[PDB]
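Make the full structure from the sequences, and use the hints.
One letter stands for each residue in the lines below.
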Amino acid sequence: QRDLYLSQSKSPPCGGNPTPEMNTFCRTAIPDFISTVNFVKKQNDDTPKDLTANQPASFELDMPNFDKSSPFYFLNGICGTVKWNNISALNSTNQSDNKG
Amino acid sequence: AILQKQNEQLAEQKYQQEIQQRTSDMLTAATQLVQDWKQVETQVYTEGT
Amino acid sequence: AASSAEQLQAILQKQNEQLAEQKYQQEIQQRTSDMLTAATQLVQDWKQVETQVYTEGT
Amino acid sequence: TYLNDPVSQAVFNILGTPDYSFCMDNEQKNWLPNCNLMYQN
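Chains as they are written, first to last, in the authors' numbering: chain Fd, 201 to 300; chain Ei, 776 to 824; chain Ej, 767 to 824; chain Ew, 168 to 208.
No lab work stands behind these hints: they were computed from the structure.
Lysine-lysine pairs mimicking DSSO-like chemistry, simulated, CA-CA at most 30 Å apart:
no.	chain 1	residue 1	chain 2	residue 2
1	Ej	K789	Fd	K242
2	Ei	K789	Ej	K780
3	Ei	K789	Fd	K241
Far from chain Ew, some chain Fd residues (derived; all Cβ distances over 10 Å):
no.	residue
4	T228
5	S235
6	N254
7	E260
8	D267
9	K268
10	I278
11	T281
12	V282
13	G300
Quick partial rundown of chain Ei residues pointing at chain Ej, CB under 10 Å, derived from the structure:
no.	residue
14	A776
15	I777
16	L778
17	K780
18	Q781
19	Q784
C-beta atoms are modelled at their ideal positions from N, C-alpha and C, and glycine is treated no differently.
See the structure below:
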C-alpha cells in the first residue's frame, strides 16, 4: 500500500492536501514486526529486579510488539495475544538471592 | 548470559527510529530537489515589430 | 545438575545468529526491489529515441 | 484575460468550471484558506 502511495506522490491521497495523519503515513516507512516480538525481554521487564519478592503469576505479551514512541502502538495486539504463567519455584517460600 | 545481550540488541533496535524518521523526511525533501533540478525552462523568442 | 545452562545458552545463541542471517537475507531482496524499480526506469529511458525534425525555410 | 467569442465562453465554462472538491481537502472535510480557482458554487 505504501509503495502504491509513493508511486502516486501527486494525485492524492499522498498528494493534494492530505489530512495530517495520512501525511505521517505517506512519510512513515513500515517497520519489521517479527523483529519486535520477543518474550524473554518482556519477561525480564515483568519480573522485579529484586528476586526475594514474589514473581508475577502471569505474563501477557501481545503481538505486534512496539515501543511507546512508535506510531504503530495501537496496532499492538492485532494478530492475537499470548499468555504464560510463572514457575511455582519462587512464589512458595524459598531462599533466593543474586549476591551468591 | 547471552539473554541480556539479546535484550540490549532489541533495546538498541527499539531506540533506533530517529534514523528512519529523518530518513523519510529528507527523501520527501530530496525528490522535490531532484524534480526542480530536472526542470528546464525553454527559451523564448520575441521578434520585433 | 550440571547440564541445564550450557544447552540453553547454546540454543539462544543459535536463535540470535539465525535471526541475524534472516535480516541480512531479506534486506538483500528489499534493496533488490528498490533498484529493480531503478533499473526498469533506466532501461525505458535508454530505449527512447526522439525523432529528428525538419524546419523548412521560407 | 478572456476569450473573444461569448458562445465559446459558454462552452469553455461547461468544460472547465471545477467542483468544490478541488477547493477542498482530500477527505472532504475543510477548505484551503486560498482558492483562486473559480468553481461552480
